[PDB]
Amino acid sequence: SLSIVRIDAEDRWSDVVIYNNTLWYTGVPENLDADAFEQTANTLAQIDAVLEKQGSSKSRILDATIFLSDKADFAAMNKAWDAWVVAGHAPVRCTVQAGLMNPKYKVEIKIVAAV
Amino acid sequence: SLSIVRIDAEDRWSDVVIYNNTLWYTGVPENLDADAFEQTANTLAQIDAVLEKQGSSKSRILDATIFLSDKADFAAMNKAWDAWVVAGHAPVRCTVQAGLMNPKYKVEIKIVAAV
Amino acid sequence: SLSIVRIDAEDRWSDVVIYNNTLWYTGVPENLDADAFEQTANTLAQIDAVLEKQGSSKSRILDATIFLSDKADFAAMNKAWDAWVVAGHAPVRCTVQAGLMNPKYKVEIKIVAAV
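Chains C, B and A are the protein sequences, given in the same order. Counting from 0, one number per residue, gives the positions in the first sequence under PDB author numbering. Counting from 0, one number per residue, gives the positions in the second sequence under PDB author numbering. Counting from 0, one number per residue, gives the positions in the third sequence under PDB author numbering.
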């Protein structure tokens with residue numbers, strides 16, 4: 000559909016937007032003092048739950064942009080990603096180090112997925 | 000339409016691109032000597048201008064990635080965003096810090112919207 | 000089509016994703032010891048190859064985001080872009096400097112295109 004659907008949840012930093020059978024969402028860490036692996040692993044779990052609640056799923060992710068605050072955390076974030084990603088159904092994947100909006104975020108994950 | 004429409008199509012870039020009922024655009028500030036907050040507001044206003052010319056609006060933006068040159072300007076670009084954004088019609092957002100091309104850029108905003 | 004097609008679908012990533020008449024891809028350099036001009040020119044050549052394998056072309060690219068590891072490489076990557084881009088058929092473009100996963104990468108290029 001060409002009618003935009005927007006979804007706000009109290010426990011969730013980003014809205015979800017659905018349009019033209021496509022879904023956008025940004026995953027942000029919930030446990031600020033946690034390390035990069037935890038934040039990546041738990042943000043990937045957040046994303047699954049958000050996609051499922053709107054019928055989609057981690058199998059239907061088209062493109063993912065992982066922003067990291069520190070180059071030292073690449074290994075940890077690959078380790079989480081690699082434990083979660085669906086073999087043969089993986090999204091196109093962008094990973095860049097950049098400054099994040101909260102100094103305690105080690106990771107932030109933009110998602111575009113099919114609905 | 001599955002036909003691609005380009006606005007201000009030059010030799011090396013286009014300013015706006017429209018395809019499959021979706022519009023792409025990067026906004027850059029024109030007020031290059033102003034501060035972050037005021038460069039942001041200016042960018043946002045150009046975006047409104049661009050979206051209105053094609054039939055859309057700031058109520059129909061799907062995703063927005065805000066690049067800041069300096070980590071110290073997060074709070075200020077948020078201030079300019081909250082004055083501009085339409086509550087309950089907000090797009091998904093990304094704000095990160097990276098190097099911009101013109102050294103007088105505090106901010107640069109990439110936009111995907113519906114049309 | 001509302002079906003998801005993945006090209007070179009691997010364990011942790013897919014090289015290309017195609018959905019809803021839209022194609023997503025991220026080009027990364029092949030020659031790690033090459034300078035930024037070679038890496039950019041070469042990456043634009045890969046993008047073409049990827050687009051035409053799917054029956055699309057570089058005239059059909061909608062949006063491009065170029066990440067450079069070093070601000071000193073801006074001129075080298077514009078020279079490559081300028082030698083390649085299709086006058087009057089260029090996408091929205093956006094260049095920023097950021098940290099990249101491999102320290103030998105001077106450039107990386109994400110592409111959304113019509114297919």
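Hints in this document: simulated from the structure, not taken from any laboratory. Certain hints may be false.
Within a straight-line C-alpha distance of at most 30 Å, the following computed DSSO-like cross-link-like pairs (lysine-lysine) qualify [to be verified]:
id, chain 1, residue 1, chain 2, residue 2
1, A, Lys78, B, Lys57
2, C, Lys103, C, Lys78
3, C, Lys78, C, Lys52
4, B, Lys70, B, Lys103
5, B, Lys103, C, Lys103
6, A, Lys109, B, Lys57
Contradicted hints - numbers only: 1
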